[PDB]
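One chain is shown next in structure tokens, namely the form solved without adenosine-5'-triphosphate.
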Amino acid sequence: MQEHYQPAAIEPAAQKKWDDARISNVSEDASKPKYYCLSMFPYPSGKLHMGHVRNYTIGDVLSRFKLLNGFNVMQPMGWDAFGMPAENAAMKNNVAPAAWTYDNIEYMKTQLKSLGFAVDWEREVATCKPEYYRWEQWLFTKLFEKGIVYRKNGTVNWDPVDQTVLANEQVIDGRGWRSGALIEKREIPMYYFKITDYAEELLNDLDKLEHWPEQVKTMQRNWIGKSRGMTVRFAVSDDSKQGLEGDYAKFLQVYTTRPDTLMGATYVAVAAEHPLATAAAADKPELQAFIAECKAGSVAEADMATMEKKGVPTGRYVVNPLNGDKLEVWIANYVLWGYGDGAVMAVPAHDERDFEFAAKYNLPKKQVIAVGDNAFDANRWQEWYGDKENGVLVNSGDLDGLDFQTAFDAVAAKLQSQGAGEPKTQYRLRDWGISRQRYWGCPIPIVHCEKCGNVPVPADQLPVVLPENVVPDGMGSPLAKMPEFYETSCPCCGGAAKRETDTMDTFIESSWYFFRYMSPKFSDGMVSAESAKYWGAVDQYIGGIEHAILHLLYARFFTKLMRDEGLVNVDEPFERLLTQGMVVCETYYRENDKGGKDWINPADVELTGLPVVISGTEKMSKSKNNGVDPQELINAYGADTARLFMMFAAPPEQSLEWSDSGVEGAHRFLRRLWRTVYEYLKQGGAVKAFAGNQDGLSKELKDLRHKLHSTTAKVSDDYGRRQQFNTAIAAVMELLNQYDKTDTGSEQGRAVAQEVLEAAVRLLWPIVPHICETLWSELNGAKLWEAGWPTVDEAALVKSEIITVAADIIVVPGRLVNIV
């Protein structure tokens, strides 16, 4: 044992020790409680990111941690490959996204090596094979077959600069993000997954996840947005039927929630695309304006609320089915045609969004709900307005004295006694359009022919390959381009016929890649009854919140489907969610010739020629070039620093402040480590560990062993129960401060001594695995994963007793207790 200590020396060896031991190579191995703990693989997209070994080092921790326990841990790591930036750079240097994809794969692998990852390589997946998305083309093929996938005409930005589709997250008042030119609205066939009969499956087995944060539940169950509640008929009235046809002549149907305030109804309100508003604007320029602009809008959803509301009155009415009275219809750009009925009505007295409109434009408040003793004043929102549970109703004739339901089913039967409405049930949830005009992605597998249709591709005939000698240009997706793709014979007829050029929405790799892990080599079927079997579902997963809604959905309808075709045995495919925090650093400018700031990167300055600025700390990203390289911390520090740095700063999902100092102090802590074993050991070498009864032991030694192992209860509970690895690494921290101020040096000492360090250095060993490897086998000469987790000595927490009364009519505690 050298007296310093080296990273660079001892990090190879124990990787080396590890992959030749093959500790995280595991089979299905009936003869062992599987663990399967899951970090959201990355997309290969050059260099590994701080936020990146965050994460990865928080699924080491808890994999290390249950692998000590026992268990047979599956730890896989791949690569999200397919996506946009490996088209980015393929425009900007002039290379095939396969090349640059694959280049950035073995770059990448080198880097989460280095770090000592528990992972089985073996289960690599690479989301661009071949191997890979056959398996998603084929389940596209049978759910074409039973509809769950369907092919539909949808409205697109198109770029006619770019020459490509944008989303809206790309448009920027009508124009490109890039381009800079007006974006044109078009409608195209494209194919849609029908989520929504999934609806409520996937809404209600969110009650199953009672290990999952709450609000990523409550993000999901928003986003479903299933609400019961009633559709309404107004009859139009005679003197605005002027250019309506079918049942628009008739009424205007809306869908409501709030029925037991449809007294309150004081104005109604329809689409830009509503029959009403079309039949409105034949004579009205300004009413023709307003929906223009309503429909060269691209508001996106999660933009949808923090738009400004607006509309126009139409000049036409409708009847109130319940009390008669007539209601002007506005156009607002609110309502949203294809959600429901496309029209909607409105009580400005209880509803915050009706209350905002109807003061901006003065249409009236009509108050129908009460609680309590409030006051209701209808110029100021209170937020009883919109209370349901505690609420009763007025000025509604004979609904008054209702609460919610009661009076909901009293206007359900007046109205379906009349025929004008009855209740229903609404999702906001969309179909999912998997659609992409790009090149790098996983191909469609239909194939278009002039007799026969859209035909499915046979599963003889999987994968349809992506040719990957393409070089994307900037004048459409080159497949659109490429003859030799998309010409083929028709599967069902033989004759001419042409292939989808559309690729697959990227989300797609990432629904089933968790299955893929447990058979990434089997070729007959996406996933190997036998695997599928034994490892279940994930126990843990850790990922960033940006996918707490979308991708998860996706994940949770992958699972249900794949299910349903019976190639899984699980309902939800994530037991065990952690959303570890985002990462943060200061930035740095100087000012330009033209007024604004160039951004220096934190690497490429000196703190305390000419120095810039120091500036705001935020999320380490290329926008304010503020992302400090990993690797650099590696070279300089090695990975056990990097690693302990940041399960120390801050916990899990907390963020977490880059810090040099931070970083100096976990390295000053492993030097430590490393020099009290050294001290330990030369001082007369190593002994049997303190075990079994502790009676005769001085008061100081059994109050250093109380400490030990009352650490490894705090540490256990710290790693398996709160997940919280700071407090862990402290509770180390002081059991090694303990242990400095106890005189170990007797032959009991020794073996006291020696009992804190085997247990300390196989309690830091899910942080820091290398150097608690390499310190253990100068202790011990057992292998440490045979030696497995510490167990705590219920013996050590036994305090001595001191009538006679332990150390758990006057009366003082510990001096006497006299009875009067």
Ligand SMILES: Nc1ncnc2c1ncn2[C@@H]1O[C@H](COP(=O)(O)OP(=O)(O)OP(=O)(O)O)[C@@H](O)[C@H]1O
Second form
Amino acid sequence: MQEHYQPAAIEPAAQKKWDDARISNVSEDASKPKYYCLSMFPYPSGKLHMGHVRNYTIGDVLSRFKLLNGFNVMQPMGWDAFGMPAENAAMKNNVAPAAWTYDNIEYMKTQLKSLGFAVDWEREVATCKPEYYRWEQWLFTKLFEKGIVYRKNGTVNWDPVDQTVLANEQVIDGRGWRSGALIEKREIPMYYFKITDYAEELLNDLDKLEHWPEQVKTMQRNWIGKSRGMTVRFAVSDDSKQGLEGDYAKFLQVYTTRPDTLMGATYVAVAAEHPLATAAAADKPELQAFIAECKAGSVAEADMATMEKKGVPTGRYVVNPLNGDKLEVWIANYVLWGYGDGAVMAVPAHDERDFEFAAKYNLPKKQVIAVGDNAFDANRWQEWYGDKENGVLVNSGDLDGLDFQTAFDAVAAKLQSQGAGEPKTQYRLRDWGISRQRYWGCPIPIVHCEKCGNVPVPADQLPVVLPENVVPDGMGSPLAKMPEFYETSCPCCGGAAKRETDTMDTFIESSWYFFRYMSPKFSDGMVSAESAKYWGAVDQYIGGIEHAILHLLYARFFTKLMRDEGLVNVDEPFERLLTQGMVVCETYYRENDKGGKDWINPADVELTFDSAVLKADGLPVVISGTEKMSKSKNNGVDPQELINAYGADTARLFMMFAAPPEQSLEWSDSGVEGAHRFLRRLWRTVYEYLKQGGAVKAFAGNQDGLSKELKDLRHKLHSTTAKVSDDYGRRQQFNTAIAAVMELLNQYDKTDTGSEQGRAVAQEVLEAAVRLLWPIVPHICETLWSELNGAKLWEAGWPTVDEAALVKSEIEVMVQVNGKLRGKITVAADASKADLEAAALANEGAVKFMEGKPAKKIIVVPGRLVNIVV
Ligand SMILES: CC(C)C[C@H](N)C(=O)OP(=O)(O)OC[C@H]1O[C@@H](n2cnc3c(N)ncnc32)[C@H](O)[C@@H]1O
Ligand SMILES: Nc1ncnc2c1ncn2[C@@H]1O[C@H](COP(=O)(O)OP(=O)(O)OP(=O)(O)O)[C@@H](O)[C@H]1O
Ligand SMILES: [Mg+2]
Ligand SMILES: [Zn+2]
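Hand over the structure of the form solved in complex with adenosine-5'-triphosphate; the form solved without adenosine-5'-triphosphate is what we had up.
Now the complete complex, all chains and molecules, led by this one.
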């Protein structure tokens, strides 16, 4: 054994040993219990940083723990390769997005290989390869003919100067990001997944996910946004019907989740596009100006909760069907034409939005709910005004005194008897719009024929291959300017036709890649039946909370679609979910000549303290704040530079030790140093042990006759094994597991293990320590193991707990009656004061000197004495 720890030498050797043994290349082996651990695959945008590394080290820790316990572990990696990163680089470096993507994949793969993750690289997928995306093109065509995928006009952000569609993230105060031109709201045909048809299933199946963080489930529930409410129709008054046609001349229909407050409605409000708004605005130019300002605004809910709610009265009136009140119709900018009826009722006394609205315009507030003895001040809003659970109705005639659910059910029966309303369920969830007007994405497998319409490409003709010899420039999608791509024949009639040139939302690739890993070379379907049946569901998923809503919802949706197609037989894709905390790091920059400032990477700066200078120009730089490690502020620490300086094991150890996995983790030079020093200590410990006599048979079995100090070391040892097993398996708290092993080594260091029995216990401790830590730092542990023991580490398995090592020795306690010694008892070291009392009262000499008299008091001195006063 070499005396000094040399990571640069032993880590490549360990990785080659693991690669040669194929321990991470797994099949569908029925002779082993399966375990599928999955980390969210990265966008191949250039270079991974230590943030990504924390995510993938956590998954590798869990994967190696399960492997040591005899599981058939699949831990796959792959590349979420489509999307805008490459398209921007194509404009920047004037390179094809495909070529840029593959160059990044190759570099990042070596980044990952250098870290020694136990990954099945034979299952690697890159989602921009036709062999992958053909199968989501396939599922698209199957769902299209079922109507689950459909085509309809939707609204987009049209930049007339750049001649491109833009996301809402790129429209700023109504103008494009790179243009500043007024964006036009344009209606174009697009493709949608009818995810609303699955809303109730997607909502209710969250209850099955007993091992998901509650916040993630809460966020999905709020996103789906189911509500149980009431459709309510207000008869349009006879004087308010001019210019109204059909049903709009008859009633105003609204949706409310508070039908128990319908007796308290004081006005109603309609969207600017509502037919009542249009008719009243006919002769009123003030109503036209307000309607125009509404439609010109952004309907995004982010801008709308921060929006000043405004309205104008219309002079039109409707009649409350429960009490006959004549209520004026207002046009209001908060009423959305597309959610429900585009019209709402207003109850200012019991909804905070209606209270503030009616406080601005001095509209009536009528109390219909009392909550105990709480006083109702019509000029101030109180949190109990909206309490659904603890209130009963007042000023409601038939309904007085009922609670929320009783009044709900009563108003439902009343309105249905009058034909003026009925219960209705709504969802905030909208259908999922697939279409993107971008080049670097999966082509939509639709052909447009003037005779046959929008027809799907037949399964025999899939994939529609995205051409990779393309350099986009930002003046519209290049597919729309390539007749060699879009000119084709119609698959139904054979006539001349045109391919759809929009591509798919790249969330599509990530909505099913976890099934593709199960059979990534299968060419008869998305996932082979035998492999899906073997691997079942992902046992463990690890990824950032930024994907807890959309990605997770889409993946759960695809799972159910694939189930209903007969491709898989699980309802849910991910059984356990771990959301790792973000790695954060200080930033640095300097102001550029073009006004705006540009950011400098940490490893390119030099910091002196008690000046911050650029490591190249030797000029000082700005030392700004600490935030999430990312490419935007260029504060990503490249693992490869850390590995060159300290080794992969030092990188993995720092990430797993510095913080609980869910807690944010601040980059620290001192923290990296503390990990290396521990690895030196670990190496030093095994070397000095083998120096002083060489390897021996590890102690096992009956420990009677072992010295007190060695019994205590074995007690610490097997307590540590139980603890680390619980931290890895149940708690998933890796920082405390490492601390536990460090405590074992501290006690080892304080124990004389020179004797024959001392060496056997020393062998037992070190053999356990190196296996306990192997999921965290497998390179040094693999090498140290082989110097300790000739068996294969993965065949020796996870360390077992010796329960006999956890039994402490028994105590002898004196039993006195009225202070005079009358007997002796033998008690457990863990015996409570009540067990000491019981054993003492049952001592022969105690009962023979208590003379049947009861005990007036019993003094218990643990470990020394029990005195029975009688
Ligand atoms: C399933 C797909 C939709 C996933 C998509 N391709 C994606 O998110 O890919 P991306 O490459 O962006 O990130 C890959 C993983 O790394 C995590 N991550 C990134 N930065 C940090 C950081 N500073 N600290 C901690 N963790 C971080 C991030 O949460 C994610 O789980
Ligand atoms: N088109 C619409 N635009 C704006 N608000 C609407 C629209 N349709 C209904 N509403 C209002 O939204 C209220 C509640 O609907 P929803 O469940 O979507 O929201 P919420 O705030 O989550 O629910 P709640 O008020 O019960 O807590 C209804 O009572 C109604 O007054
Ligand atoms: Mg269950
Ligand atoms: Zn045709």
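For the two forms, the rigid core is made up of the largest set of C-alpha atoms that agree within 1.5 Å on superposition. Positions refer to the first chain, counted from 1.
Put simply, after the core is superposed between the two forms, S621 is the one residue in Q253, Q426, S621, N726 with a Cα shift of at least 2 angstroms. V471 is not among the residues whose C-alpha shifts by 2 Å or more between the two forms once the rigid core is aligned; its shift stays under 2 Å.
Relative to the superposed core, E450 undergoes a C-alpha shift smaller than 2 Å between the two forms. Core-superposed comparison between the two forms: the C-alpha position of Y361 differs by no less than 2 Å.
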